[PDB]
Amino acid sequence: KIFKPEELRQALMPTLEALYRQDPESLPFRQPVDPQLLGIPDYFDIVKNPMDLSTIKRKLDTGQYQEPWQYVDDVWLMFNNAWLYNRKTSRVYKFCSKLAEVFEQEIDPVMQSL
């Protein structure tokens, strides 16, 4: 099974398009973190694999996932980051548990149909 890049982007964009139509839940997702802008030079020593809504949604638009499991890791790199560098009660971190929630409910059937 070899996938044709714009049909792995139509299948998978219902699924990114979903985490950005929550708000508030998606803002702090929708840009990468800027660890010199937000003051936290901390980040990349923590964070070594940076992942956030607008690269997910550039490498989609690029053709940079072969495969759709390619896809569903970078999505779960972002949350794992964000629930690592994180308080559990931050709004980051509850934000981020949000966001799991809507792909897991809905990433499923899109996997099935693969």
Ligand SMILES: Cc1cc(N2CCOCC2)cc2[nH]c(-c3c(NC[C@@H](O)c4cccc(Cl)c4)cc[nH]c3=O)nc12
Second form
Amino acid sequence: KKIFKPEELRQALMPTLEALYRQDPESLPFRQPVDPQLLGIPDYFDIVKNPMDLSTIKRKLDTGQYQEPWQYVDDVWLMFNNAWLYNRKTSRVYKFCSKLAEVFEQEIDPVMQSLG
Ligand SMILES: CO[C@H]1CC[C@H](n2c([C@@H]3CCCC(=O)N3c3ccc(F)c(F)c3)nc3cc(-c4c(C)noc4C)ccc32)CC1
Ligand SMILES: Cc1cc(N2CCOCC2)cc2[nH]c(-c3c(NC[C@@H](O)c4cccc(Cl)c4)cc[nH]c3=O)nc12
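Compare with the form deposited without this ligand: the form deposited with this ligand bound:
Starting with the chain above, the whole complex follows.
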């Protein structure tokens, strides 16, 4: 397997993470972990067993917790898939999720090609 240095993953993938953060208001529900107590949604962790958010992805990238870049891709789609699972199709959070996913799909392709 190709060996990836944590510093190469960080420098290569951080621009793609910024592309999600800079969407405002679209990124606002995703910047911090879902807090079901605050949001009044007691069933959240009955439905979402593996939560993920931008701050967790960013910390993992900054601290070298990804061994290979598709694990970063996995966490981003887990974030989005959790939100599409939990929220109604008509809800603002669901629509903002789809907006971020389109940005991600555009940005991630050339970066992954360059890491190969
Ligand atoms: C600490 O600052 C945060 C900002 C986002 C706030 N927020 C909000 C706020 C408060 C509640 C009412 C509302 O409409 N919100 C909101 C705020 C901004 C948005 F762009 C948006 F789509 C929704 N809704 C959130 C929903 C989710 C969510 C995700 C991701 N997946 O399932 C659920 C449920 C996550 C965060 C949400 C909560 C506090
Ligand atoms: C492109 C796309 C659009 C949407 N819709 C957007 C609008 O709202 C409705 C949903 C949902 C998606 N789910 C996934 C998805 C993954 N994709 C890999 C892809 O990024 C990828 C694949 C090969 C190379 C690269 Cl470089 C990148 C991987 C794991 N699990 C996933 O669920 N991709 C989706």
